Amino acid sequence: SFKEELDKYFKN
Amino acid sequence: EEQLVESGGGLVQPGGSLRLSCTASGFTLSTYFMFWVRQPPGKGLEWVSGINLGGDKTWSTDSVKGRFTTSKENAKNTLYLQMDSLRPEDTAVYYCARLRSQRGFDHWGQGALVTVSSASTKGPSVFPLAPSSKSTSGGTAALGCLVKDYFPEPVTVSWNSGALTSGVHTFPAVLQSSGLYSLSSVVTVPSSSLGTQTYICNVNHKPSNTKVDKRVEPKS
Amino acid sequence: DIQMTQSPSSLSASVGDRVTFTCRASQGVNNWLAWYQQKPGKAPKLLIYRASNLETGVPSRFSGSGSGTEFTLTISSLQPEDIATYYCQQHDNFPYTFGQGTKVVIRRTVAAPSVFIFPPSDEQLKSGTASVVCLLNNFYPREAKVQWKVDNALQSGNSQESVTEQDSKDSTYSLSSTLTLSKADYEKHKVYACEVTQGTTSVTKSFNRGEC
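Protein chains in written order, with our numbering: chain A, 442 to 453; chain B, 41 to 260; chain C, 14 to 225.
Isolated chain A (complex conformation):
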């Protein structure tokens, strides 16, 4: 779940 949230944070 950490990588998913981090990637979503980096995109937006």
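What the hints contain is simulated information worked out from the structure, not anything from laboratory work.
Hints may contain errors.
[To be verified] Taking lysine to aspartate or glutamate and the EDC-like style, the derived pairs with C-alpha atoms no more than 16 angstroms apart in a straight line are:
{"hint": "1", "chain 1": "B", "residue 1": "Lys97", "chain 2": "B", "residue 2": "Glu113"}
{"hint": "2", "chain 1": "C", "residue 1": "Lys58", "chain 2": "B", "residue 2": "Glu42"}
{"hint": "3", "chain 1": "C", "residue 1": "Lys139", "chain 2": "C", "residue 2": "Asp198"}
{"hint": "4", "chain 1": "A", "residue 1": "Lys444", "chain 2": "C", "residue 2": "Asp105"}
[Unchecked claim] Listed below are several chain C residues computed to face chain B (Cβ distance under 8 angstroms; list not exhaustive):
{"hint": "5", "residue": "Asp14"}
{"hint": "6", "residue": "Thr18"}
{"hint": "7", "residue": "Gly114"}
{"hint": "8", "residue": "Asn150"}
{"hint": "9", "residue": "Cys225"}
Note that beta-carbon positions come from the ideal geometry of N, C-alpha and C, so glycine has one too.
Add chains B and C to chain A, keeping to what the hints say.
Below, chains B and C without anything else, positioned relative to chain A:
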């Protein structure tokens, strides 16, 4: 405005515990992901851990998994790193890093040195280096302070409480065969100023909570 | 996982020269790549984001380019304040892997070292040891031979040398050669000298124990 401050560095016996704190004085610390990264002596960077917005999910590398825990308090704007069962490989300078969404790692802390050893703290010994006879043999003269037999690092040196900063050379610390670090801090000054202005070296050793202000005046 | 390989691992250029660092990726990372600068001891500073763009504060001489595998960081005019290590780091997929780093060293005009010699202090003499110091200031290159001569006798094993980092303004070095010697052994000799040899030059600074 945006500044990260770190606290908690010191000397810990192997297998001990230590808590590091990183306070953000410029932004909310909420809307940013945070990371802990250490740099061992003479070794490259090594990312250690990461925490998200709400602190619900954390990441830590396999080498330090289980021993290091990361928490945060947005009310106090402080990111906490609890280190347990330390090893000599953990002796490093620790940094707390911010992460903008689209940018990368923007702002870091000043670095907190963590040393893991079974040795005991030793205060520095400050000695003057102030020739006057062979030193009038030239326009520019050299005034120095020798910081001998201290442990652990770091030891900082200033001159005249920071008033003198031009021409200062604070050499790096050498481990020495005795296991105690040592260094020297030397500045260049006009010889005509050797009798008018008084130069004092301020040596600070925070691990030993010692501060020595040595007045390095010419010889006889 | 992605692997970032930088080239070259180190570089030496003079003031004003343009320099170029290449960062190769094991696979496609789109434009999610950053360039950071780190001085020895201090924290890394963000230089380039999204592989082409400039962060606030950094000077305009820094550039950036790269399509999907080969990224390039160029400095148009190298300045003495740019002595540091520059590393590329990917951000497309976690973990954010960084390059091995590229060291930058300025090549400057040869400068004669200003050499001083420091006798041991009486306060240290009380402790039973005596350190005689030789200071070399503001010279290039770092290579130098420092010999300790005590009553015209070469000393070996009693010397320890410390080297400063390259200066951020004039790119010069400084050496501190310390001679640790027992008080009993210190009282058996009178003339102490250190000789510094850089090239065809050989400067020697001496002092007689007991002057003034």
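How the hints compare with the structure:
1. B:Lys97 / B:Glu113: holds, 14 angstroms
2. C:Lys58 / B:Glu42: holds, 14 angstroms
3. C:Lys139 / C:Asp198: Satisfied, since the Cα-Cα distance of roughly 14 angstroms is no more than 16 angstroms.
4. A:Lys444 / C:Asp105: Holds: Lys444 of chain A and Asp105 of chain C sit about 11 angstroms apart, inside 16 angstroms.
5. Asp14: Cβ of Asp14 of chain C sits 13 angstroms from chain B, so the hint is violated.
6. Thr18: violated, 14 angstroms
7. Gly114: The hint holds - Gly114 of chain C has a Cβ within 8 angstroms of chain B, the shortest such distance being about 6 angstroms.
8. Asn150: Because about 7 angstroms separates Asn150 of chain C from the closest Cβ in chain B, which is inside the 8 angstroms limit, the hint holds.
9. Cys225: Holds, because the Cβ-Cβ distance from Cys225 of chain C to chain B comes to roughly 4 angstroms (cut-off 8 angstroms).
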